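Below, in structure tokens: the form deposited in one PDB entry, a single chain.
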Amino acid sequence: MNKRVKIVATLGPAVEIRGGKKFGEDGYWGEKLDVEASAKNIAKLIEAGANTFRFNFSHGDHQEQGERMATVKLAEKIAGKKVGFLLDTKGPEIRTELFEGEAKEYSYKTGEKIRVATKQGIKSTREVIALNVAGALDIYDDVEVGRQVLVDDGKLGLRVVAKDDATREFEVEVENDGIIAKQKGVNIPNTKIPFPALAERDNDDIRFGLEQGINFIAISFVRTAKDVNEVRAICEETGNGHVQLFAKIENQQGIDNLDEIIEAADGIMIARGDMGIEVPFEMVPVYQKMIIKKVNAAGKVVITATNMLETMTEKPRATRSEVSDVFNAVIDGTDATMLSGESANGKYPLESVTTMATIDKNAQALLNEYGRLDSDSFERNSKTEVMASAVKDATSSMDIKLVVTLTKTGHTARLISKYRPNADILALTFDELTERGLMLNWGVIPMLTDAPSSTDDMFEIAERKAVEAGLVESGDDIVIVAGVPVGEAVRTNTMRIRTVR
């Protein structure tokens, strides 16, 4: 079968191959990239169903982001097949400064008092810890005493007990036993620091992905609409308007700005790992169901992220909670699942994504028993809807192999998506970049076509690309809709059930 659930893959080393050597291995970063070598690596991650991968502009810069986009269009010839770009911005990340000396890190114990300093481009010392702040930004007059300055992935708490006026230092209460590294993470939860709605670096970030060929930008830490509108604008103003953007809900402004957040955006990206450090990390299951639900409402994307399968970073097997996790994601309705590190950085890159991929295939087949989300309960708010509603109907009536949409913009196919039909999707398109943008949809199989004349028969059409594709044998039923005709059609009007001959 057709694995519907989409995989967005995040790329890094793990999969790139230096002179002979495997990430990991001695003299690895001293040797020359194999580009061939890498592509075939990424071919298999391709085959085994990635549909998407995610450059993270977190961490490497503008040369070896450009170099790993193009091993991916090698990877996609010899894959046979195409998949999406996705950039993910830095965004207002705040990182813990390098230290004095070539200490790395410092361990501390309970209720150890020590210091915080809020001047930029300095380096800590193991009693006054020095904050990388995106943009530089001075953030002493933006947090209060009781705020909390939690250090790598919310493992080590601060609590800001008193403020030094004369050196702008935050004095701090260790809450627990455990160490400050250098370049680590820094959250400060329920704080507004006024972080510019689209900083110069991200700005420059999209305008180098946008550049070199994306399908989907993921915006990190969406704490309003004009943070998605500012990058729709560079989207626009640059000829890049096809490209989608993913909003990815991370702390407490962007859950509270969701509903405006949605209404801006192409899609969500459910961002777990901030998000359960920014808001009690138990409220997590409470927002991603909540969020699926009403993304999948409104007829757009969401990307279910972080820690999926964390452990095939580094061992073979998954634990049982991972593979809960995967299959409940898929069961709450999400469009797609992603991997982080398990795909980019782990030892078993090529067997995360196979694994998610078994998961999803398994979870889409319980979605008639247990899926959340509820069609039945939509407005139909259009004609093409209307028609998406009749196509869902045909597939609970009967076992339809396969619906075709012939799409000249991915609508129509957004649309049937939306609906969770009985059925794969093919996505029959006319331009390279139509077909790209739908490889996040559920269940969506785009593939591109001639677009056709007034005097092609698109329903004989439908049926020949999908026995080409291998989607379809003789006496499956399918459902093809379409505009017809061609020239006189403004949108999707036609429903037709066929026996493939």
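Numbering follows the first chain given and starts at 1. Rigid core (definition): largest C-alpha set, two forms, superposition within 1.5 Å. First, how it differs from the form deposited in another entry.
Superposing the rigid core between these two forms leaves a single residue from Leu373, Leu150, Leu350, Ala394 with a C-alpha shift of at least 2 Å: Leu150.
For comparison with the form deposited in one PDB entry, kindly provide the form deposited in another entry.
Here we give the lone chain, stripped of any partners or molecules.
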């Protein structure tokens, strides 16, 4: 079993060593980053099956993101395996501020009376939590007495009992025991804060990440196709048209506009953290199944995100509900499953990726029996898609160890992946940007190779690259597709069934 379901792992301090100390150790924050020791930890997550690392720009600053991206470039070399680089934007969001004196968080008890500030550009204290509102908007008049302020995926609730005009502070009662840490997501349900089109901060974050070299952007709180097209414009103007945009669906407007968002984007991230606060929590499983189906029908990538192995933040074993969630995301048809705090923030980042890889690998064996996606229903809209349908058929008719596609742009590999064959897909492509671009497609193992010449045997190349990567051995049956011959073929036009020598 190669793992066909892709893992997005969020990076953060959990994997980072600072002056020989690990996250949680006394004096950790007084040290600087040990890049090699950090890259060694990250190389172990790559080996365990992380296919793409997520850099959440709601956390840290550019320097911290930039160094973390450099640490992954080193980790790839140590692992001898490449991964995707995914930037996750702030979007039209509210975050808790940094605290005075670089305290990182405080703990609160049910019934404490604290304040939430609206004034922009200040720091929090334990008693007066300051907000970073996208567009530096003033939200004091948008939030009435009786509104709930939710901190960190709704873990901690603050009930607005009064408003203090002298300070423009919400007077709040802590509804339940919990923590307020710096740069935490804030939700105020049933309010209609007028966030701008694309915040200056998002424009700067995106341009910085594009300069560092990324493959993917996940756009937070996509409301309409315009939100995706604003980011697309920046990618194309900076010479970064190869970068793929995943719309994060995490509010009613995103659900209402799903069809236009899917057409504009390269994929969807089902951002269930915010989604289950911005829409009825009991509706998230309905939307999850429907989004995965539509995205797969469009030949695009879907990521299922948030709380997948939440307990593994503190404990070496997931709950029964967490394992059920990962398993059922695979059965629903997801291309990729995501870790957030499990990998970024937790005591068991490596064990989290391992555990997720084990569940994903066991669930992929039940797709023939239980799988929700139905490739038989698709219209085959092009001759490459006809070929992808024929490859699925061959992998259904007999035991195929591997499908190999020689793909210039990844088009053939994406269409084979869409049909969910009962085989791994080796995608041989001829440039690194295409190779990294395929790292979140179901079943696709991207591999860089030289562009075939008109004298090359592409079928010999396919078998040799598969053997040299240890994916197949003598006697295995593989399906190879290619455009034959090189420099005459318009598209993938040939399928070969080949016994490996």
